[PDB]
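Just the one chain here, the form deposited in one PDB entry, laid out as structure tokens.
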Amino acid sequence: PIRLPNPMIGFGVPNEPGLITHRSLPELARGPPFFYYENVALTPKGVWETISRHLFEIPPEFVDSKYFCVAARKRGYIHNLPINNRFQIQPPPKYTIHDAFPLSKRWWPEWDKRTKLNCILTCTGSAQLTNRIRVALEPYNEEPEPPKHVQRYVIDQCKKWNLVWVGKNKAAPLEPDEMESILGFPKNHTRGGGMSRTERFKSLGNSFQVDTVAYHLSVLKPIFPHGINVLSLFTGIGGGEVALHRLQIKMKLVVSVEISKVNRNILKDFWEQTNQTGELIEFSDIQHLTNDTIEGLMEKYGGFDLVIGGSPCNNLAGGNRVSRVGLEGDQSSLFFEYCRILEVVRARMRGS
């Protein structure tokens, strides 16, 4: 059984001890192509064992993004990239809550000892929650400090819903612009393109932490001086593309497969607003992307140097009450579609 590492630093995170400069990966796992898989770390029993079983028995690298930004984010990363001489994109996001939220020290209570936020999710705290916290602390405004049972209801609910102090006895969740900044995207990366505020929360909560992924993909820069052809599966708002761009790694071609029309609009907007000289090809449903289509694309552009993607965590996340049924769930089973497309690439890149 996979035992999650404590601390969850993977092979090493910046400013922390325990950096592992070399690993030995099995023969069946070697590139080309380099590939990068991502999913949540806190899955039902025996999910990552199955994920590793279908990805050449590579032990997953579990890294909590609280070492890269202000919000925690526990994910597993299966990849065949070299782990030596990584680097972070500069400047790194704000580490603590005091720095990430300058105006919060005006309203933050002394008994809220949080210096770090929990995971950014797709479901945000409601306004009726902020009121129940406001009413709970109201009868103690003239007192220097509310009693203990009043404190830990507020404390536990702030941790439960990732609330920051925005007003007098007012604990509200994060705004989309704050989630963008914490997850490592530029400001207004998901604002336009027909994306409603409701949709912004969902696709942001589903996305990468760009600094964590960029720290991992950083080793690709000396290997490909002339750019890479990228096969992006489950693109979303383009976490991997933003990471590659911040690494100054030219993207000659990005074939993106993302079923959300608003997410594809976000990516195309990001493509033009950055003046990317390369070509962006956009596919929608991965279940209709045939193996011969991949072979035809690889023949035109000359194979993919990197296959990056993160399969749905619908049926793996602890927040899911309805359908947390594991890897065989309706959405998370698309992980085997990732293995299908990846296997086609390997057939041409390495053989057999």
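For clarity, a rigid core is taken as the largest C-alpha set superposing within 1.5 Å between two forms. Positions refer to the first chain, counted from 1. First, how it differs from the form deposited in another entry.
Following superposition on the rigid core between the two forms, the residue from 276, 181, 80, 169 with a C-alpha displacement of 2 angstroms or more is 169, and no other. Annotation: Cα of residue 226 displaced by less than 2 Å between the two forms, core superposition. After superposition on the rigid core, the Cα atom of residue 248 is displaced by less than 2 Å between the two forms. Superposition on the rigid core between the two forms places the CA atom of residue 99 less than 2 Å from its counterpart.
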Contents of the next structure:
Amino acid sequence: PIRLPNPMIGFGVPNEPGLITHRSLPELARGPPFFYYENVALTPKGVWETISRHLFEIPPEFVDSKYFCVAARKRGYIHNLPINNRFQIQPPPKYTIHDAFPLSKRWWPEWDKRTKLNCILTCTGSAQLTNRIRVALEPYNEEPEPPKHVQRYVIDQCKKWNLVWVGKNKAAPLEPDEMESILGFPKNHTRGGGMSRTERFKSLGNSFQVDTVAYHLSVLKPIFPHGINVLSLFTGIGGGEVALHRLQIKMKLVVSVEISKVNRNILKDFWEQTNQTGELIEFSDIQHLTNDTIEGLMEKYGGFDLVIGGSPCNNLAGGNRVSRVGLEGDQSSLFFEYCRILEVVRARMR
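Can you give me the structure for the form deposited in another entry, which would complement the form deposited in one PDB entry we have just seen?
A lone chain is what you will see next.
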């Protein structure tokens, strides 16, 4: 019966104790290829037990990205990578709101005692929520504190929608460029393409903390001095490719599988705007990626050293009121598509 580690540091995180540098892996789980699977920590019961059983009985490494950025992100990671000698990307991240939001400390009330944000999700707060808070707060301007029933009203709203103070009585949601930076993506990683404000939030919410993922993938730089070939499944906006690019690891080849067309364009822009030299091949529906094209691409470029992906959490995530059904759900079922591909790659890389 899996239980979550407290504190949620996995095998360790920078600037905190509890670090562990070696672990036992079932002989069956040992690579090649290396693989890395991400998904949400807080699931319905029996989900991580099922997932771990299908990934060779590898116990998850649970990490809260509050040890890598200002916002929380309780994630479970499963992988067959070494743990010794991890390092992190520079520059060091901004861990507290005071550091990440320095144009805000003029406007920050002292009865808002938050130093960290909640999890960046797909749905963000409204412009009218902002006005409701301001009109509830302009009466009390001369007075050093509003009444406590009113403090409780706005404070609960701020924690619900991850608001930050941007002016007098003005508590606004994050902007995309602010989510991109908290998550490790370069600013306007998602701007290109006529992308709507709403659609950028949905794609940013379904994303990696780059710092967190990169700290796990650091261990690949000294062992692949000439670069790697990546099979990136459920790619999204390229959290894993950005992790590797920030690690300064050459991506000879990236086969990416992503059903959304604007996501695929985001990664293609990032590929061209970073003047990358390797090749980017893009597939859409993973259910239509046959084993034949997999081994055909393996016979041509010489195997995949890394298989990275995060399955859909739509049916596991607690924000879902309708279809929190587990791995039985129409989208999170696609986890077994991840295993299916990794078995094909394993069959040739053994």
